[PDB]
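Here is how the chains run, residue by residue.
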Amino acid sequence: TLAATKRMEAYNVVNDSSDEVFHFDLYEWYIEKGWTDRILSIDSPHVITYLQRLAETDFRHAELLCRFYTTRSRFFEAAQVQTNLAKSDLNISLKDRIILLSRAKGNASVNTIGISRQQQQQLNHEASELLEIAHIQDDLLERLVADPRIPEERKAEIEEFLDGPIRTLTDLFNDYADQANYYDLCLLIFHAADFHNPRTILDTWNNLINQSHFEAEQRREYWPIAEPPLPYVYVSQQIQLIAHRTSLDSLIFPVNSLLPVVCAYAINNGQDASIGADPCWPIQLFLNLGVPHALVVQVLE
Amino acid sequence: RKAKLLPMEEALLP
Amino acid sequence: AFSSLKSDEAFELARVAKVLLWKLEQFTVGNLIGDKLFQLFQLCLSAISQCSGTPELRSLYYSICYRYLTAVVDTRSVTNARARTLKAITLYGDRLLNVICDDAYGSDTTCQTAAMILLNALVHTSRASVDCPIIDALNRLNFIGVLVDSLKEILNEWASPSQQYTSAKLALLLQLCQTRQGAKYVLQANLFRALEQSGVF
Amino acid sequence: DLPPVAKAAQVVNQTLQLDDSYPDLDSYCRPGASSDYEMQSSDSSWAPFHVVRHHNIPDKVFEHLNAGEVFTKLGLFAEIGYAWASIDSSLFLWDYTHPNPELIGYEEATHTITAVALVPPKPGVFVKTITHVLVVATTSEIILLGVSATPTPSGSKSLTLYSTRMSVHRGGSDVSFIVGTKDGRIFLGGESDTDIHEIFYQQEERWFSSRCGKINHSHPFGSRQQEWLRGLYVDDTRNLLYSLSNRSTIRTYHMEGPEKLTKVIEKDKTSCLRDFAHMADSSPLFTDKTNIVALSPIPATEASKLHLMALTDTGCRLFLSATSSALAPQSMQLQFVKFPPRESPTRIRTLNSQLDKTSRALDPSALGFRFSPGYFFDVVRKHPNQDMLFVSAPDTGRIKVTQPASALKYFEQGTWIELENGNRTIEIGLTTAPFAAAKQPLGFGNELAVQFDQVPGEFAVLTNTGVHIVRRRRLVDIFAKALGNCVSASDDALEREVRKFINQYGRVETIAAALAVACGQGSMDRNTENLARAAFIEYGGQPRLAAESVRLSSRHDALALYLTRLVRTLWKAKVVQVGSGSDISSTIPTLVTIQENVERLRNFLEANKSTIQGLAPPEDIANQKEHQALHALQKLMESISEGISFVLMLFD
Amino acid sequence: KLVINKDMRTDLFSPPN
Amino acid sequence: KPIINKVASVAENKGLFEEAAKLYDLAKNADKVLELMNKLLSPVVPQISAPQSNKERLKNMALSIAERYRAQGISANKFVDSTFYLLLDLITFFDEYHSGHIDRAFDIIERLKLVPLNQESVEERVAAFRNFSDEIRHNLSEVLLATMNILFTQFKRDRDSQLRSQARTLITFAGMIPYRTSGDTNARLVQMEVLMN
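Chains as they are written, first to last, in my numbering: chain A, 302 to 602; chain B, 83 to 96; chain C, 6 to 206; chain D, 1408 to 2059; chain E, 1261 to 1277; chain F, 44 to 240.
Simulated from the structure, these hints should not be mistaken for laboratory data.
Ideal placement from N, C-alpha and C gives every residue a C-beta, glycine not left out.
The reader is advised that the hints may include incorrect statements.
What the hints assert, rightly or not - When the alpha-carbon atoms are kept at most 16 Å apart in a straight line, the in silico EDC-like pairs for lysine to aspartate or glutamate are as follows: (1) C:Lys11 to A:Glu427; (2) F:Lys199 to A:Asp338; (3) D:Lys1535 to B:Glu92; (4) A:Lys396 to F:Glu167; (5) A:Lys396 to D:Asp1932; (6) B:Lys86 to D:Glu1509; (7) C:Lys189 to F:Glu61; (8) D:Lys1816 to D:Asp1763; (9) D:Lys1846 to D:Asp1643; (10) E:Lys1261 to A:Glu430; (11) F:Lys121 to D:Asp2059; (12) E:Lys1261 to A:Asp472; (13) F:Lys82 to C:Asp141; (14) F:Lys82 to F:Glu62; (15) D:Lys1670 to D:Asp1763; (16) D:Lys1535 to D:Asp1590; (17) D:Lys1621 to D:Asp1602.
To be verified - Derived CB-CB ranges, DEER-like: (18) C:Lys41 to A:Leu588: 33 to 43 Å; (19) D:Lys1907 to A:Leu588: 41 to 51 Å; (20) F:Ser125 to D:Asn1892: 53 to 63 Å; (21) C:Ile38 to F:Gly116: 56 to 66 Å; (22) A:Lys334 to B:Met90: 46 to 56 Å; (23) F:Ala93 to B:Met90: 47 to 57 Å; (24) D:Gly1439 to F:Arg202: 44 to 54 Å; (25) A:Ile349 to E:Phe1273: 48 to 58 Å; (26) F:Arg202 to E:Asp1267: 51 to 61 Å; (27) C:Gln202 to D:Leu1510: 42 to 52 Å.
My request is simple: use the sequences and hints to build the entire structure.
So this is what it looks like as structure tokens:
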């Protein structure tokens, strides 16, 4: 149409101009009108400077710059901003930083034209690490706040410290996870920290099993809204939760030692046919978790 | 767009 | 300790091991050598699967694994080594081959050459172990497809670095046409029409 | 004596019988009247209904609507998720669930369109791919079109029209109301008179007949009076047709034969008023000045006696019985009246036993709809510009808890829904499958029994700006959201909130809801589930001996109740169907969901073996038989899981 | 990088100041 | 039962999967039938189903094995079995996508709950990808792009906010998932989301 011609004639004057102070005032006005998809389509290089200079102090503008790159398929450049934004000093909630690192991990998982394979994985590894930590920090804060053992005065002091940037595993372990005797989250920290120590890893597994057995036996004794599960069932849940979440690392999930422990617990605490349980529930647990048959039989031997 | 009206032959059997 | 930390110290230590492997009571020594050569083979494939360092460092790892799979492995002792050797390759899977396939027909001149020749040793040693998982992975990664496409205009490419590169390229395709399963994937690539546009004949 | 899974199967059987004994409509709407309401703010966690989404009318018909010269009309096909608009001699359908819908137009019509409806086809006339028949009435003709609403592939039913070469002259009587029966009978009526017409249509061409005919089932002689229709209403379960006139006369017709229709009752407003006078309570809300603006038939599966509900423009619901003298009915009588609620809608919350028979909160009622098992929608036109929506449902919880039978009243939960001003309500239709908890009046209205079998009822509300979706909220939905309000709140605030549920639904029903929400049923969600779990533990009660014999805890009853409701569809059902070597009774996808639900329950029990009292091993006789009964229930679950796993293997 | 130090922490079960 | 497995076993060792399936299916060994049927389908999931193609000739045998395995209530372990019926759904997702039935194809992918569309589901969907058969993770790249291109097309035809929100969801999922061709895919996904705004 000639209507469509006068449209293209008009937006060529605008997009081609060399006055970038005009472009900035134009991009600022496009947002105020909610014309989001318009900013993205612009191929001028004055838009990149505007969005980059605004991403530095506005989370919701760094959002578009990341959208700008991902519609153009510059996936690495987006994860590069999403990661550098989660590590920022900006006022961003922890659960948003979990999204950022989760998107960054995806955008840095696929090849992007021009950028190396090493720099692609160099960023995916960094983002994945932080996401694992941030998930611990989130699951930790969630449990600390709901912990009756903690004073309501301290809970506010924690929430301000945790609900924001991602802290070191050292800070998460000492001043919080280990004190509260959160044995399951202590193991996730060992895994996320590549913590080399066979004993303490095993000692923590023993405490995690016992504390789990207790919470389930107290429940069964009380029944408590629905019929609670028998002890080994809740213990089995707390291992599966680690197994999927650990991705079955040999350091914090050593079948060489842990399987005897679970089999020992199944005897010393009488989780067997007496209570209607499958006597081979320790074997059934590890096999279905992905442990090789050739190894399980090697341990029972 | 005027809806395409498929024929009676398909509609009613047999 | 520096397998994937920094790409500067490994370079000086990666080339010394390369030449050392080529310049090569006796039973005790033979076991220690073969033992470390097997351990040294793991850290190489581990770095290739993660695409660490620059293309230069990534090229040295190809030469080390090349002679290892060509001289060391190539008789009960041989079967045990060959069996366990394939296990390491299968551990990574497509993640490792994907990195090697991307190195080929790339910007660097020596990395693409070493990577192309490396694939020949993998498929060669795999057949000795009627099918093969290595050749199957190449088809899923779209490596055979792009490889047959590059056959066009071969006259332009063909001592010189470009000449030696093409030698390994055509040499690899020749190996896939020896197994029964290769004819299926290779024939579907329509190689007859690719070699005609080049007008080499 | 009896083994574990056998004892548990007994509890399940008894529990099934309990749910199927939920009071019938006749027994809590006994002769007399009621004004029993508990009103709830629209935004409350206790709201019986709420708006879930709205779909704007597509702009391309707004253009056509303003291009109208004389007549325009809107309507709903809620059962397939389509809406329609007619502009003069043109018709346009579209799927309102779709975001950028295509217009399906039909502009062959020569004269102004006055009514359109979507009806089941007559069997053995069309190819099986035709799901419906589209009846289009103009000022000149009644036109039939073939329709296929097959489900390609993601949201709504892809829709195609087929011509049929079937049309009848419209005749002298206007057509504004078209209704259809299960078996494809098509009845017509309008605003020229009270006559009811039927359209016949055939496969064959015959020399003496025609493919398509129209007859008048009424035949009047001379000596007429001005009177016309307001609506037509079908009840297939009794083969009845009801008409409502402008003088508020209710006529009942019986489809005695496959092509016969016979007037068997005519009840004018005077008769309704005489009946109403002989009731203990007369009221200014129902006089000879009052109009009946809508009817809603009550199916035979919901009630034996009460056939029909009639809505007055003052907001009174009249429930009429009908009886044979011996079958068609010959008499109709006004038995029970539900008077309007008192609370009017407010912006600011306000501070909250005799019969209230004078409320004007529903004056005037312009439109009204009732859906089984008692969902009531009233379009109140207080102002000439914006409608208020009054919506109520039976208080199922209190109704089934109430004891004895003589204490039963028509308790209700209500709320006001405001759809933002300036838009007028046109029609309200059911989008989900018709509700039914049982196949007879007893047990029919038990919403509680089916909250995991059936999708909650959804309703499309058509206005002149769009379609609003209203969803019924179940017990578990209310319980979950209420708990959501207790997360940040105190400790003894949960106890407070739980007691509200107990005082209404009863302890067992309440704990069963907590169990369900703990298992992921329900509308941070983890905090809510943990809260539900906590309630299931702390409020589940304990086993005690009566006046050997033991009374199990409410926690046990709750578990048996929840488990029973998960398997109620298949428990007494045959596993297979045989014609010569074939079918499975319960569908494959439903067995998977039933299994997943049961395995979720089992998992919750194990994952809390320690803290659920009675699960771990153990005055004593009480706690011991509690432990035995819970064990029995758990062995039944794994047996249920195995059994289903086995049937899935068979047909694999 | 993880470093356990049970020595000097902050009492998680006591308010501040 | 043994020889049919013996004959099926060698033909399996000779990469003759399409035969080993027919043979294993002759002995009603669904553990192996569905295993092999998973391998023959994954390569052909995103391909174009055209008359006499290798997709039709494999899809049509897989469906003839789905009916006979449901009518007779047969099934392998849930891992092998879940993947087998999952691929069959995806094969339907691309057959509808390649035909232009965008609305219908969008509905299918939504049921599978494989790709998150609301930000709340990202955490759980991401965890599920870890233990799903690699025959599925392989085709994740083409699924994200088709789903994106689906939303992409529907955008050019409030609703705009809803598509925009879903567009974002796919990106963050892909960002947190390490998979095939994550480089080219994650980039294209981001570009298509920018054009929407």
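So, going through the hints one by one against the coordinates:
1. C:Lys11 to A:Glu427: OK: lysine 11 (chain C) and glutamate 427 (chain A) at ~15 Å, within 16 Å.
2. F:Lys199 to A:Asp338: holds, 11 Å
3. D:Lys1535 to B:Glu92: Judged against 16 Å, a Cα distance of about 10 Å means the pair holds.
4. A:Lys396 to F:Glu167: holds, 14 Å
5. A:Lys396 to D:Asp1932: holds, 15 Å
6. B:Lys86 to D:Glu1509: Holds - the C-alpha atoms of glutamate 1509 (chain D) and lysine 86 (chain B) are around 13 Å apart, at most 16 Å.
7. C:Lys189 to F:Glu61: holds, 13 Å
8. D:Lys1816 to D:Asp1763: Status holds; Cα separation ~14 Å.
9. D:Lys1846 to D:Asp1643: With a Cα-Cα distance of about 15 Å, the restraint between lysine 1846 (chain D) and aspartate 1643 (chain D) holds, given a limit of 16 Å.
10. E:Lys1261 to A:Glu430: At roughly 12 Å apart (the allowed maximum being 16 Å), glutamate 430 (chain A) and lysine 1261 (chain E) satisfy the hint.
11. F:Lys121 to D:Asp2059: holds, 12 Å
12. E:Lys1261 to A:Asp472: holds, 11 Å
13. F:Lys82 to C:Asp141: holds, 11 Å
14. F:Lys82 to F:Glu62: holds, 13 Å
15. D:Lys1670 to D:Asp1763: With Cα atoms ~36 Å apart, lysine 1670 (chain D) and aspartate 1763 (chain D) exceed 16 Å; violated.
16. D:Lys1535 to D:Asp1590: Holds - the C-alpha atoms of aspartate 1590 (chain D) and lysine 1535 (chain D) are around 15 Å apart, at most 16 Å.
17. D:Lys1621 to D:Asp1602: holds, 13 Å
18. C:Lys41 to A:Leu588: 33 to 43 Å: holds, 36 Å
19. D:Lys1907 to A:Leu588: 41 to 51 Å: Roughly 48 Å apart at Cβ, these two residues keep to the hinted range, so it holds.
20. F:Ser125 to D:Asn1892: 53 to 63 Å: violated, 38 Å
21. C:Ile38 to F:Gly116: 56 to 66 Å: holds, 59 Å
22. A:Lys334 to B:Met90: 46 to 56 Å: holds, 53 Å
23. F:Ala93 to B:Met90: 47 to 57 Å: violated, 33 Å
24. D:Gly1439 to F:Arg202: 44 to 54 Å: holds, 50 Å
25. A:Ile349 to E:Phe1273: 48 to 58 Å: Given range 48 to 58 Å: holds, Cβ gap about 51 Å.
26. F:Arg202 to E:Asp1267: 51 to 61 Å: Given about 59 Å between the Cβ atoms, the range holds.
27. C:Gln202 to D:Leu1510: 42 to 52 Å: holds, 50 Å
Comparing the model with each numbered hint stated earlier shows that hints 15, 20 and 23 do not hold.
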